[PDB]
Structures are given as C-alpha cells and as structure tokens.
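What follows is a single chain, given as structure tokens, in the form deposited without the partner chain.
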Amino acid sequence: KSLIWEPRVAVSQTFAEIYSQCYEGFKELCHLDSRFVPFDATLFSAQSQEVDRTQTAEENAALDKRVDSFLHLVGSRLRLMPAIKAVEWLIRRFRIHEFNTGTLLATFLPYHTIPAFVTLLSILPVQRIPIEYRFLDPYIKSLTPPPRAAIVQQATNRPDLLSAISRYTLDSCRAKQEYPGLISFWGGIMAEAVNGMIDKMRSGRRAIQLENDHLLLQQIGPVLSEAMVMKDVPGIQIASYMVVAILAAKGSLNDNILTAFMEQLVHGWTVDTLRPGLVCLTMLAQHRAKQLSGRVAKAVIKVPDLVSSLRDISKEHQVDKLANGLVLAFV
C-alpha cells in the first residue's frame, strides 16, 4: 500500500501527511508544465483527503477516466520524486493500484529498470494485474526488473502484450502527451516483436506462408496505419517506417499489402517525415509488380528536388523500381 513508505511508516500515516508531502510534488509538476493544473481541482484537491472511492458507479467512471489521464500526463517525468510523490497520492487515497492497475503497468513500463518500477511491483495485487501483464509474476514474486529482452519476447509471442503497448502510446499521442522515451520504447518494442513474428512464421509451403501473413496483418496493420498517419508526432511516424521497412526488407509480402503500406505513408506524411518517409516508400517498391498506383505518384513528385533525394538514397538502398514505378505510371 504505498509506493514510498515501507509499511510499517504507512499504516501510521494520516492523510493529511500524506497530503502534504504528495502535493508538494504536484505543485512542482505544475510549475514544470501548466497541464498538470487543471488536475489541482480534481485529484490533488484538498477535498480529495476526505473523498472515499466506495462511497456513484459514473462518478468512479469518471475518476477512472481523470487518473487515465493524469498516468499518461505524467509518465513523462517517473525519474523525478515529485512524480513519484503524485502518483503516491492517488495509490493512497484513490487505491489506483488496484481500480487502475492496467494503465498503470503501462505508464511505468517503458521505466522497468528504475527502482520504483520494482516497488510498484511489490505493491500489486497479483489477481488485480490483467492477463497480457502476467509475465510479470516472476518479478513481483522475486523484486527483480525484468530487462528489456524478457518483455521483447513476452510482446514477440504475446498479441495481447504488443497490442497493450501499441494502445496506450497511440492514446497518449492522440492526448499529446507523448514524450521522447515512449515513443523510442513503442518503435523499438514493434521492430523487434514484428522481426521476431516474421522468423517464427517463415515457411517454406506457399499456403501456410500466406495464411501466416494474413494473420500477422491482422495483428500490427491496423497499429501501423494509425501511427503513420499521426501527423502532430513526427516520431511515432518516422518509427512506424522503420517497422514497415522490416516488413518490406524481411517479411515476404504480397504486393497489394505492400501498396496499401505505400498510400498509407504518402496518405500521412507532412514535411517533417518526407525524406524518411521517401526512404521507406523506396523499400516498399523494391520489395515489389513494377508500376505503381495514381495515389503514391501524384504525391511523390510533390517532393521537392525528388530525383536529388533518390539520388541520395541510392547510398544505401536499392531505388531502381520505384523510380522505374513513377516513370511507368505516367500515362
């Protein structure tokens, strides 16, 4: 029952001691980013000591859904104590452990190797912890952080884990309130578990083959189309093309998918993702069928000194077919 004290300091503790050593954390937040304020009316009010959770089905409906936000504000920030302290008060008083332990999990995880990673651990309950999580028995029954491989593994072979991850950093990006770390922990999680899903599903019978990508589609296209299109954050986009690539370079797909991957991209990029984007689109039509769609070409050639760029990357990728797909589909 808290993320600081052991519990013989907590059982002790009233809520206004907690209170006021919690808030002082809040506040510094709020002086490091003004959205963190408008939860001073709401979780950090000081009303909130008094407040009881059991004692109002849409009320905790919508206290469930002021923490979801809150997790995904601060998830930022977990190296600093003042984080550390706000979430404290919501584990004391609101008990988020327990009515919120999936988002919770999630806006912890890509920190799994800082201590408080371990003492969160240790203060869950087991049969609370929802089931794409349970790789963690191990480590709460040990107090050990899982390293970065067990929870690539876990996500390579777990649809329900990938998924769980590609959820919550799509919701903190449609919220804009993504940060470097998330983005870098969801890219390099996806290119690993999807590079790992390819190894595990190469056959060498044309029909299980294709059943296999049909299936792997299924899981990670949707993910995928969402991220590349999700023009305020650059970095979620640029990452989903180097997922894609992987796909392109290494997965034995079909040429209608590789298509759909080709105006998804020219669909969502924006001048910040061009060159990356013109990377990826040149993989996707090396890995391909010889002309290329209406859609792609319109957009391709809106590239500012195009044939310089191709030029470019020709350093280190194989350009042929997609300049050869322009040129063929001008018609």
Second form
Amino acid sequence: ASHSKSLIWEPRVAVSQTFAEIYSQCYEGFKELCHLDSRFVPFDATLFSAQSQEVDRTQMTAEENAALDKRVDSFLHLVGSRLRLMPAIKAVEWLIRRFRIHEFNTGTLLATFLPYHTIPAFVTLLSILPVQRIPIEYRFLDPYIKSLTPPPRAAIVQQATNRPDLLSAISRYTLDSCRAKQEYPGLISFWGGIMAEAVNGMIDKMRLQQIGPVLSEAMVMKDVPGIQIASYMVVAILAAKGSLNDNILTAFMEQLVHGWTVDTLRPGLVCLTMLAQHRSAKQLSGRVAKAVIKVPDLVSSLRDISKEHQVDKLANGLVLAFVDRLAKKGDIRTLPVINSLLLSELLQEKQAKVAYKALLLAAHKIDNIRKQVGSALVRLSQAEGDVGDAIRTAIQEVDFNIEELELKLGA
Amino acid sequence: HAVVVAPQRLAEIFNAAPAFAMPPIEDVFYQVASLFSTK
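Right, the form deposited without the partner chain is done, so what does the form deposited with the partner chain bound look like?
Whole complex next, starting from this chain.
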C-alpha cells in the first residue's frame, strides 16, 4: 500500500516488512547517531522508543497529532547535518514508515533535504513524496520528480529569485534551526548562496520588505556567527547595487553594529565600508560611530580593507560624527578620534578640508576646553604631509588665522 | 553609485561545490564582497 514507500528498501521488499523488522534495523541507525551527538538521546523516549512501533497516528486527537508534529519537526532540524550518513537516513526512514512524515510533515522534510539536493538520497526522497501533499512553493520540483534526476542549483536559484514563497520558506527553516541551535555549516552556506543569487536577481531584473525582517534577525544571532556573516553578504550586495535609500542604509549599519561580535568583526567592518560608501548623506549616525571606534587600531584596519574596497566615506562619516559631537557637547574625548582619523590619509583632499573647516566652527560654537581644542587645531595645522597641506589650504580659504591662536594658546 | 556585475560571476562562487563542501562562510563573504567592490 503506502507501506512500500521507503528511502532504503525497494518496493518489493518494503511492502512485506513488519514494523518490528523496520524498527530493529532503523533503531541501530538512531543509536549510532546518539553515539555521535547526545542531543538525539531525548528522542529515545519518544520517536524511537519501543512503544513507537505500535503507535497509530490516526487514533490521536488534534492536539496529540500537533505535539507529534512538533517532535518530528524538531528531530528533522537536528538530523539535517548528517543526511550524508546512512544512520541518519535510517532514522528518517523510521519516521517515514511509522509516522508517515512524508505526508504530515512534507514541507519540513523537503526543506531539511534541500541543501543536499545533489546527492542520490534527495532523488530517492522525491520518488516517494505523495505529490498531493507537496506545498505549492516546492512544485517547481515536478520535472525532477518525473525524470528522477538531481535538480541543478540554478533551478533552485531561479525559482527563489522569481517566486518569493520558496525564498521565504528556505529562510524560515534556516532561522528556526539557528534559534534552536541546530544549524550546521552546509545549512548556513546554502541559505547564504540562495539568498545572495536570488536578491541579486530580484534587483537585476527590476531595472523587498519581505526579506528585510530576515536579514535583520540574522544580524543579531550572536550565537550563530555564520548566519550573521552570511547575512552580511546579502546586506552587502543590496547596498552595493544602488538598491537602498540613506535612512534604511543607516538602519542596517545600526543593526549590524548592534549585533556584531569579535568573531564577525572583520567581515562586519568591510560590510560597513560598503554600506556607507553608497550613502548620499555624508555624516554617519552616532550609533555607528560610537561602535566603529571600538575596533583595535581602527585606522590600520580600514587601511588593510582599502586594498580591496573604498574606505573614505566610512572614515569621513566618522570624523564628522565626532566633530559634530564636539560642536554639540564640547567633549574633548573626541579630539584623539578626530585627530587620528584626519591624519590617517584615508580621507580625500576636499573631505579633509571640510572636515577641518567644520572642526573650526565646532570650536567656535562652544561658550579648560578651549585649551585642548585650540591646541588640537594647532597640532593639526602643522602635520607633516598631504593632510597638512589640505588643512593649511583649508585654513587659507576660511580666512582663519592660526597664529593669533598659536600665540594666544602660548599665553 | 552602484556596481555592474554579471549574474554568471556571482553564480561561480556558489557552484564550486555542494553546500556541505564549500569554503567557510567567511571566505565566501570576502569573495562576494570583492566581486561587488567600488574599486
């Protein structure tokens, strides 16, 4: 009947098997999974217990089925990292034969197998799914179900590009895994590549508030750095292709720094350089500035990043953000930051010059503190190289005299 | 202002291996961010 559908035994063998036969063979695969990862052991009392061989799903109430559904979905997230191993296939086999999870859980089953869509096991799964239960967002798989061949990766990409419900479905599954700490590298890479190619597609063709909340939740999964970094890819591509306005570019930066950790710090930094590079506004927000100067030796870090990307607008936005903070609260603590940033040679001439002019008026704007800002103004006007040239030309153009300050600071 | 990139070039990065045998996501990030650079 439906008893012949199996991942492991061919229909002529599978139709005759008793549940005891299936159980004792699949149970061995599950206990081998337990030896590898203790998180499987809880299920030894539920999905894989001795009682389970006799459990008939159709005699359960609507809650009891829904609780069974949750245990199965949980197990599927856990076993997903090992579907290349035969004991994992054996454990899934048990759920298919005994609880018919290819009928009652076919969306979770499919998403679990999807990162493995190039291995023979995936075609074998396709060959036993009851088509009537395959969710709408996976019916692009129909030609591979009839031909029993692996779907190329560009079929998945192209369907996710063109039909957001697959994309939304891959993302939801990936994030439920992360939240449950059942993620694994292949899942993070797979969701990352699908999301990158798709979003690159979605915009390429149209020359996006559905995936916003996904990127934002990923950017703050501190316990899952791979998901954070992979979301840095997508957020990179988005901004690098004119696709966002200044206020939403800022909120991505704000969310990035709000969730980044030491393990994600460098890729997060190059992502910040790209975000700001495509802002039309110049002055970065306070929240990003305060967080970006906590990088140990920020200047040398942006100089390293500058051998592949452009760093000048991140640098510029920082200085103005700190100049602005001094103009508005007279905080001398900003002067080491401004000074090391101005002299860094990461700004360009006119950036430096409006930076310096703005610094002058920031000094003017507050009514000791005049001692150190003045001294900082003067030290900068004497700087040895290009930045000093710009600072001096900028002092000529503003009709400001350093000298009376140079002398009044002396006295 | 924006970057012109060929979809084939972003597609080479995620076709070098199946998901399970890819370089660390950190290395893939750098590849992708380098391909979409402003210089």
